[PDB]
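One chain is shown next in structure tokens, namely the form solved without the ligand.
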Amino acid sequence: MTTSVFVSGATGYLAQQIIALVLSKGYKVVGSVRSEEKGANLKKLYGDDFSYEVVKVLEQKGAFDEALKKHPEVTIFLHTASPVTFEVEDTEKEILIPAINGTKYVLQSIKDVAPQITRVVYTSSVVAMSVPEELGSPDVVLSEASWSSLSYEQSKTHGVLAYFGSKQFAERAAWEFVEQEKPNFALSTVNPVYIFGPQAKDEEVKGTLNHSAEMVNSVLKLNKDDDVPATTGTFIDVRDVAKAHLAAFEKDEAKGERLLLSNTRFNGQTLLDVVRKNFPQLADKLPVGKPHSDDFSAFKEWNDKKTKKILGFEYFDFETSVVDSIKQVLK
């Protein structure tokens, strides 16, 4: 009668947005959390239709088996969680293997213990699709077809490349599971770019005034003398990503799809120009740069046409996403 959706890594910024949307739709959520207190907090936040299970180590074999066994009511699994690593000493051991193993193990548990699950949505990234130099290139057109060229070997070399590799290999693992193991569920992925936007709950904006994506808040801590931030790429609003997750399990056309979630290009100047206009009280302590010096006109538009057609909604613009984040932080 009511449909129950499992969401891994439920305390996450995206996950919370997904959970809020889904609850708003009348689904139930069963959320995984790494501790009871995390769950209880989520419960207090999200209410009666929210339940939780504690799964401490996501990449462990059999990790989700008990939680799954307990929830025969669940028929959707949104796998949003990533391994939490705090500073990395060995890239393979701590980043690549956990990412890859986790995906395989979670899928195996679902097949093993939740045969009733008909849809799995795996949260991937644009980093699966590409390499860092290609991300910044005006000659590059990504699509839903795009797979990163980065090798396993190269991925080990650096922490950045490792994060890139980890997503690529993990997503490949997920598709591979589907091919090889042939489960009851249809798989789909969501592949976001830099995510901006408000948090699902005010209470969560803790510590008061923060930033993931931090890039929003690399700026607000700047000082008038500081440089304009370097960071540049494509953005997407967290709400749009969430809506993509919804469509990814709801729509027949999304079955076996990769969804590229990417909106407009930005740089530090784009960000600064927005903040400065919208929140003038902070302009005195902020840098100026060269306003509206950002010109992205040479950049080839990415090919997300299939994804937009499947999604069938229009995205939040950049200004709106940024303004909404700051307003909340300020509040």
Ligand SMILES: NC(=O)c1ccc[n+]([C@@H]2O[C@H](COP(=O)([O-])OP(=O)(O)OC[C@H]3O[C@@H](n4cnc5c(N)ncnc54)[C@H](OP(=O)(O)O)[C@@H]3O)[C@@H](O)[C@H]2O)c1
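Numbering follows the first chain given and starts at 1. For the two forms, the rigid core is made up of the largest set of C-alpha atoms that agree within 1.5 Å on superposition. First, how it differs from the form solved in complex with the ligand.
- After superposition on the rigid core, the single residue among 143, 137, 85, 118 whose C-alpha moves by 2 Å or more between these two forms is 85.
- A movement of the C-alpha atom of residue 210 reaching 2 angstroms or beyond is seen between these two forms when the two forms are aligned on their rigid core.
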The other form holds:
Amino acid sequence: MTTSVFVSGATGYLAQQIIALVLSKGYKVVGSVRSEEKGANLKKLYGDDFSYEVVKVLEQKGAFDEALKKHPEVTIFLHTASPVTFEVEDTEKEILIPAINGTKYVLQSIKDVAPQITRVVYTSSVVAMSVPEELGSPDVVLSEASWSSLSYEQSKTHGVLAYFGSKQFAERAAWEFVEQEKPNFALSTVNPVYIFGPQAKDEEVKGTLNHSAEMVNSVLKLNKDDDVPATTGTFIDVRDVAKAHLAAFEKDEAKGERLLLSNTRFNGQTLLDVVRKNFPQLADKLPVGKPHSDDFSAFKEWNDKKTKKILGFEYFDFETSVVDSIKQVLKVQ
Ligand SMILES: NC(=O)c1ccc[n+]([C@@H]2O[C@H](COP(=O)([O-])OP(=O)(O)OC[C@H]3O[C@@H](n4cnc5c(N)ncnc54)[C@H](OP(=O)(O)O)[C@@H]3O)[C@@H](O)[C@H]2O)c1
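Based on the form solved without the ligand presented above, generate the structure block for the form solved in complex with the ligand.
Okay, now the whole complex, with that chain kicking things off.
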């Protein structure tokens, strides 16, 4: 018989790509959603091998118990749902607690009611490994060993810092659970940088603007006199992140590992240069800046050697990820 994979936050951008990939390899999927209609929409998109359960609040003890009890066929759990909204009334209630408590409660639910689950993957982030000023530093070398120094108290102050904290603390909690609770499953994490690339379904393009994907896609909203975007950092293609999740549960080597998913540096000029060459009909409708003035040669390469060895595949290049993302938006209008 077939294996079932559980995916929390099935509505999301990364989660959908993960689902499409997992389905392609012959797994069944069970997705968590915050509403019935949200589930129903996904079901129409993904078909018969996809099912959903409604889990409205992560941060309640036993939130996943019923859903797990309903799906004894599931032997893999991918916990991807997390807050990603930076502008909030209460950083704790809206960012920190759902990530941290929600993560702690999922793991406990799996141990309580899903002993059959062999593998759990937590979707972390580079923000778990760092602080904001570090990410942009040519002198900083991140690795799978890196942990953020941000305090919980500091993390509270505003939404961005809260997200950084939410990831670091939830991930630490996940590792702590494994140590303390001695579950049946092995844990692994995936720690991505900014995620670019096309959405899993064309139908989902119009609906919400994922904060990372929109960093690429927003270029289409520029006009000829606008400034070059100041957006900058490191990227990873969504399809690569999804493949990493697959590796994260499939490979023996992945057990107990953190995977740093990071490719190349970019800025707004890099982005503009790609789009203008690829979509030359847009050239007259976009700024030019200073083509190929971007220089990243000073930046020390991050140490992802272990992750790359474990994964064993090559990443999508920046132009490809960008072009694929734009082609989709154009197709849909
Ligand atoms: N994509 C990136 O650039 C990036 C970078 C670093 C790390 N990550 C990690 O990858 C995951 C996906 O990120 P994303 O960019 O795809 O964000 P996203 O598109 O907004 O996905 C977040 C999903 O999780 C659910 N969710 C959000 N906040 C929640 C809360 N407080 N309680 C319960 N459910 C909640 C939402 O479900 P509904 O649709 O039902 O609201 C949403 O579909 C994140 O958890 C993040 O930790 C992503």
